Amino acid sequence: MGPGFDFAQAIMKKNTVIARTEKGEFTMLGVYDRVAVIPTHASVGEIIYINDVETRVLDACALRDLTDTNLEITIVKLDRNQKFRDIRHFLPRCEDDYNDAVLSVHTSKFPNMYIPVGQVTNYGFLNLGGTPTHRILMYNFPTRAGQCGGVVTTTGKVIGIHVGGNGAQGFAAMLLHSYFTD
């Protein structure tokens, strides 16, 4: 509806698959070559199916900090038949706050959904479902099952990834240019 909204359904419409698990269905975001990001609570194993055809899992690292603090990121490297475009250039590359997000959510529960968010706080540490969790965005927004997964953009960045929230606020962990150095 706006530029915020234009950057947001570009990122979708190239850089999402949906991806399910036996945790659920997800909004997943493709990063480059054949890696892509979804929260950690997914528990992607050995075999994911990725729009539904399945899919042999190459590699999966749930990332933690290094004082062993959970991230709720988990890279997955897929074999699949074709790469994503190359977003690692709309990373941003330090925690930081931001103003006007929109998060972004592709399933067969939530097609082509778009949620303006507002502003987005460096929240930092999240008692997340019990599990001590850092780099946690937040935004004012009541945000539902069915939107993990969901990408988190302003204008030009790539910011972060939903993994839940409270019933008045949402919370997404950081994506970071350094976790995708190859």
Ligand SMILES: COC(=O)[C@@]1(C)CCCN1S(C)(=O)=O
Second form
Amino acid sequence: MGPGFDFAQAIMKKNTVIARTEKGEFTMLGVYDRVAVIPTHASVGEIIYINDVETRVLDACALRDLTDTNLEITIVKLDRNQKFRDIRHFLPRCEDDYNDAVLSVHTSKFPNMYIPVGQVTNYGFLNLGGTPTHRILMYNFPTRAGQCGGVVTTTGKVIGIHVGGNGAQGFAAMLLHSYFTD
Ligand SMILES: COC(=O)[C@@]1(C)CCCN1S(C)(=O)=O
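Can you return the structure of this protein in the form solved in complex with the ligand rather than the form deposited without the ligand?
Shown next: the complete complex, the earlier chain at its head.
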């Protein structure tokens, strides 16, 4: 409807796949080459389904900060025959707060879903399903089961992936440029 939805749509149409693990179907963001991200609670194994194609996982790393605290981001390298558009220049370098964010989801359950979530707070620490987690962004939207892995954008920036909610607020794990240097 406006430039926020325009940027979100551009990221969804070229830089997302549907990932299926034994824990469910997730929106998965492709970042560059064959490297993508997914919430760590997806429990990625040796094999994953990507748009219903059986795919070998070449590498998977559950990120933690230098306090050895969960970040809830898993980086996955896929044995896929095609590279993602390189979007690393849309990743923030530092932790920050944001205005006017969109949460975008694409699954069998929620195709072509875009949610204007509004103001995003650098929340920091969250006890996420019992697990101490750092670098959490918070927005005041009642997000639902099915939205995990959803991409959080502003105009010009890809800032996080949706990892949970409490019925009234939703929570994303930050994406930082430093996660994807090679
Ligand atoms: C050279 O360093 C890497 O390989 C990193 C940690 C950088 C981003 C992709 N990965 S990954 C596939 O998750 O291993």
